[PDB]
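Engineer: Listed below are the residues making up each chain.
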Amino acid sequence: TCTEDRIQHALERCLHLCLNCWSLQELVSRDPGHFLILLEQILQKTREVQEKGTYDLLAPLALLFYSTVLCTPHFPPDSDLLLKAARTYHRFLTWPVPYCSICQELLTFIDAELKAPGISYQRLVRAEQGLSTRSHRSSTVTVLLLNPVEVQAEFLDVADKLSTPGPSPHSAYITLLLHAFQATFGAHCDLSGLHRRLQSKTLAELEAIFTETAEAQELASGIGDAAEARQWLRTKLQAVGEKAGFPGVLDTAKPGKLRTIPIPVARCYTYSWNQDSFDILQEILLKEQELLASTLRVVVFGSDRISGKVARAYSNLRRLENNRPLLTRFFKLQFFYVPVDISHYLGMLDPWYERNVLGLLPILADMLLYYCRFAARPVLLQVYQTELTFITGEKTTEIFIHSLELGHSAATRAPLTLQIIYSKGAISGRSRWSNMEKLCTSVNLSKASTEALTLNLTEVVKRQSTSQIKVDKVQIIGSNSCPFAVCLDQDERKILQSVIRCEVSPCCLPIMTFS
Amino acid sequence: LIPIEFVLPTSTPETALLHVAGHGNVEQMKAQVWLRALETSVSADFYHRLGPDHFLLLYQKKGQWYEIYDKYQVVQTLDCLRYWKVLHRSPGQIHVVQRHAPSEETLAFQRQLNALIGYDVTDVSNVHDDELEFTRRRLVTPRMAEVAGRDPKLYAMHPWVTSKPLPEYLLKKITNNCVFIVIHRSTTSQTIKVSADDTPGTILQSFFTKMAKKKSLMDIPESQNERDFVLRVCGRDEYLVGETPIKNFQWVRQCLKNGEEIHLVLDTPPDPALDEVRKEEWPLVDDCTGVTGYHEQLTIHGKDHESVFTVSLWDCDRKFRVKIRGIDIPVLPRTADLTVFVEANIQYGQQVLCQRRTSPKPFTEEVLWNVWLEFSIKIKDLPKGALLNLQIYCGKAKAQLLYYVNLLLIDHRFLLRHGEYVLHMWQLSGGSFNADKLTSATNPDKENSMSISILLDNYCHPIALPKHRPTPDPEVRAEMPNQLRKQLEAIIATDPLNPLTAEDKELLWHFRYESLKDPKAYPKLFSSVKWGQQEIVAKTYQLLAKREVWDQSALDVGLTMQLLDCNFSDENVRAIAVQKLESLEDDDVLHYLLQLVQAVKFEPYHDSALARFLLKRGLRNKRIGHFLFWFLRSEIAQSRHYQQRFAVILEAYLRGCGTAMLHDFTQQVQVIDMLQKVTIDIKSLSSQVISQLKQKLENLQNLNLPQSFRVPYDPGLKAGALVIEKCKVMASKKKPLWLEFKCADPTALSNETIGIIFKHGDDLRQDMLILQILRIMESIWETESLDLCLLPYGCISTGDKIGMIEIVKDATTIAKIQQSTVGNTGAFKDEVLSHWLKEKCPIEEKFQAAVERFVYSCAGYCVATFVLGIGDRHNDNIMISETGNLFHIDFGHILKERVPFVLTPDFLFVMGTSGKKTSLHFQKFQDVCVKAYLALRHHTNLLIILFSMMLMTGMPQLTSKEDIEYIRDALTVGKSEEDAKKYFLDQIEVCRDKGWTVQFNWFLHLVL
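As they're listed, the protein sequences go chains A and B.
Residues 7 to 22, 37 to 312, 512 to 559, 604 to 623, 649 to 702, 723 to 756, 766 to 781, 793 to 835, 866 to 873, numbered by the UniProt record's numbering, are exactly what the first sequence covers, in order.
Residues 37 to 47, 53 to 438, 457 to 489, 495 to 539, 543 to 752, 760 to 969, 980 to 1092, numbered by the UniProt record's numbering, are exactly what the second sequence covers, in order.
No lab work stands behind these hints: they were computed from the structure.
Take every hint as true, because none was put in to throw you off.
Here are the simulated DSS-like pairs of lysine-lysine, each with C-alpha atoms no more than 27 Å apart in a straight line: (1) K732/A / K402/B; (2) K421/B / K360/B; (3) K980/B / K903/B; (4) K510/B / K801/A; (5) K792/B / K298/B; (6) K402/B / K755/A; (7) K360/B / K72/A; (8) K770/B / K807/B; (9) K419/B / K65/A; (10) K72/A / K364/B; (11) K214/B / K1008/B; (12) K425/B / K72/A; (13) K510/B / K402/B; (14) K72/A / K597/B; (15) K72/A / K344/B; (16) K587/B / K553/B; (17) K360/B / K65/A; (18) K364/B / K732/A; (19) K798/A / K364/B.
Required output: the full structure, derived from the provided sequences and hints.
Structural biologist: Right under this line is the structure:
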């Protein structure tokens, strides 16, 4: 019909662009009945891929399914959509990594959702709101590391809106109960009566009721047989409702009307990032002692120069912590880059990120939260290490990712007989060392499997010839304690001087991506 | 789950009872056992110091200790479980025993074996899997099985018998069915007359009964009887024993042929205790090791993703896909502006299933593509022995092939390959196909060779190729139209090299049950199978499973040697071809031994039915092992493409021969090494050479030069001390050594020396192949009672570019005879050879016998060389004996005016035809030639499948079908006998027309 063809058009227009997903997730949400039709079409398209072999269109579909199946207001008992989905995704076990590793984790989610309805939405909401129980307690907190100046005022307004405390524990627990009950009893329940009776109850009894509901759901998810798990959950919830004193609200022979329950806004905190180091986080961690595995969603709103020093701060918070666990003590960090280099690279790999993140309550709020919520696979950046031995015997290990000069130009930004030894290498793991010294003025390390830096050489030897080459590893030694500066990814503040020896060699808190 | 009780090493012996997942892997079971022992053990420190990789799992199966070697096999398929279920055992016991370092004696024996082989079998530097160690472990079972079941006395004495009927030219020499035998003991000799059907036991018994009165003379201890002695050829080691008529020993026959007395000495039997075998080192490896199971067990359908451990290959419906990352060589081979590209091909045998290639790029020292090549073939249709064939083509600014490498696509464990690979490519130095181009081994030189980096996909679970279930087949039918039957019969009757059109393939595969009734159609019925489709393979196995006619058919070596060629890469065709060779006598496995050794190069996997067949037949006769050793060692030292497989096979053989057979091999590899260092030094640097050699040779007797060794090309002859007054250096470019030993056996009847020519800087494998084919052709001629008096001398290649050659006594080259009178100008008198022969033979009867021998020999050598197509030879490569025999030498090379074979006017003058006149002798020569040619034509398929091999495993340079069609043209395939006779007579007249026209041109070419 018209609605079906509209949905199909949106689907075919999101799988070709940044707000073509949000528009799907805004057309479906109107009628509780639109969530099944969309799923059918997705399954159809998925089967087509299985027949064809289009390796490039699998990872986006597996993300739309996960995304829709987790908001579906209710599944009628007659519907066998989940079984068809499991049969469709069972045949990807014969595909190559990582597709088989996205399909196993989708099949697990499709069994958790087959047995215990609403479990995957109560887990998410629970965590994000920090309203868990005393048996399986968790939490997630979102920190919006945004630079007041470099970033636009629109993103400041979005961050301010996301920082306003939206829900209360009372309202959050009411929404969770409403969605747990609807997911199970479909139309056969009265959500208006349930809401009216739940409003007057006290916080403690609501918490106890939710703790029993969540424990029953978790136990039901453990049942071996699928068929009996739903009936057992229905009986347990019926007894819970009888105990809570609204038995005339469920099992109503008269049928009601389905209602769409959206995901409540998560907890967010906005902090002024004028620096580049990730020390800010440990300062924050003081009010976490009073605001308390768990997880922290650090949204590093990002510019170009920032990117460089952001990777440098990432550097510390990577190794520093790995060696001095302070934040990792409690939380598993996850950093999110908002384009407002890292961009380019993370796009060339995973299109969904480029198409969505790169193309960027207000629409920007929805799309932001949606990205942060569903993107769960990392991409490791390619960094290079440097050892800077100084005249007095000081050795400093730096970690650059963009560029690194050394020479007259390094002082200019702030000619020598610089020994140069370099070692190129082939794809077959065979190296070809070379020890050729050239007297020159400026040497710029330029970021050209792995990646091979490039060695710049400015041989202007004048009385009164600048060459660039590839390099897999480099060693630039000075001429008998002769001073020379050392740039760092086009640094304009931190440029050391009087260095003697600099060797550059190819080198949880991930940089999360969708795929 | 399955209950198993593991007996741990720590003491009283502690035991752990566990439940094992049926579909788990051996590594999973090991991990579970280790985890349980970490807790159950009273002292976990002993288990904390070490790990699961320091212990072996051993179980006793009927008094023998087997081991679980494969750390991935499916627990369900372990043969121990089947054994226990048959015996109703539960829980089974698996001992855990810690690994120990090899003792010193083990290392010494391993070093001795490595020295004998000439290659270190224990090296793991050029490998990307464990196929060769796994083959070493698996080959233990056949060796023990054959060693256990060997008769000690018949092994120790190795009689050389045959069952073929006596040729007619030998029944004339046997008068009244009686043979005269001369029996020597000590200083006494007696001539006895025995029946031709008497076994050696009856001969002895009769002797003793005759001489019982006079035993004192013969010096036979009264207390000893006919059971304490054996007969032995005087001078050689050729004991005549066993239950067989005297007329079936190849010695007696040979002596009759040559009109020589049979001289036998009474001797004591060799003690079989000299052939004791060292105790086996390793425990036996479970039999069901390379077994995967059926499709129903492996399939992922009707299961839960949490219960999936393996994925069947036939469940993958995607198109194969390989990533080419790049190529890289340290230094460019040629300097120019060139473009290069990579070509990938799937391949089965010689068939190119699919093909993809990349775009050209400039030929720098490192080229990077990172390109996914997709093949039309689906992953489920891959057959067992496929081979991704990666090739590098160079174009200027056509394309010329530079490097090639092969990678199997299903390992020896029935698993699909995956992950990154860096393979070192060979180089096309020097045609369309060669055996060297099928090897799956990589280039040993890892520092100066080109390398291709590829990447095959990775999967969550191992992907295994199921095993075809032997299920009853539906197919009934009825008679065929008498037109289609005639067409099919016409297709079947063609020669082996006739190509098949698509219509022929479709017809053969449609009526594939009528073709199965005729054995001769098997080599063509299996060439019409589309090996690129799984359904037609499972329909071919259901057809091979009904193999009654093939089993009941008589043995034809020309048909069974056609299923072992490079065209068939399936293990079930080859398997039956070997099942059909397993009934060949020991006298006929020696004729085809070299071909069967060369046919191992076509086997896609190291462990094969043919390798086990050679191993077993080697460990059973003491004369098929002397020659298997020297063929394998000749192939190892030279062929870097297949040295690791031959090394493994030779190691497997050498661990079961005995101590005597290892002493001999050592005492011969020493002589050889010492004489190769002598040769080298001589060359490196007149009277000079003379004295230099004399010195070196006289001082080698102050080193450890063995004083008695078996001649490598005549295992029955023992040579002793050098006669350094008869050695010299032959006058030739490569300066061969003319050694002359003397017999080490004091029973010999004469003082004749043993002449040996030692050659260096030349490859003799082609000579060996040609001489073997000549022996085969002489057996074929013997079948029809023809005696062409060929003289295939003994030649053998010992190592890299070195070799040993027999010396024929009283023989000379025709070139020397011509130069004895003409000089060195290039003229050729026509009566020189006749005068020389007449001078050598003064008596008229001897002269006539010599002339008849000449005639016959020339007829046979002309026919043989014409058929082989190497009859265009220089006059310097043909020798003649003083008895009139004639033979060729130096075949190592021949493999605008042309001749079919050498019939210069001197031969014709010896015969009697001075010009175009005809004489009785030239008529006899024509008749003999015609008869021999027709007899050879009778075995066209055999000679056409032996030539093709001679060419694909022989000359190193590649070859094309145009090179092979010569044999078809020479045998006149498809023509009546009259046409062949006319054709050969025309060839004879062609040689009778040119005279000295090609000889002169060889003389000019050599002088210039």
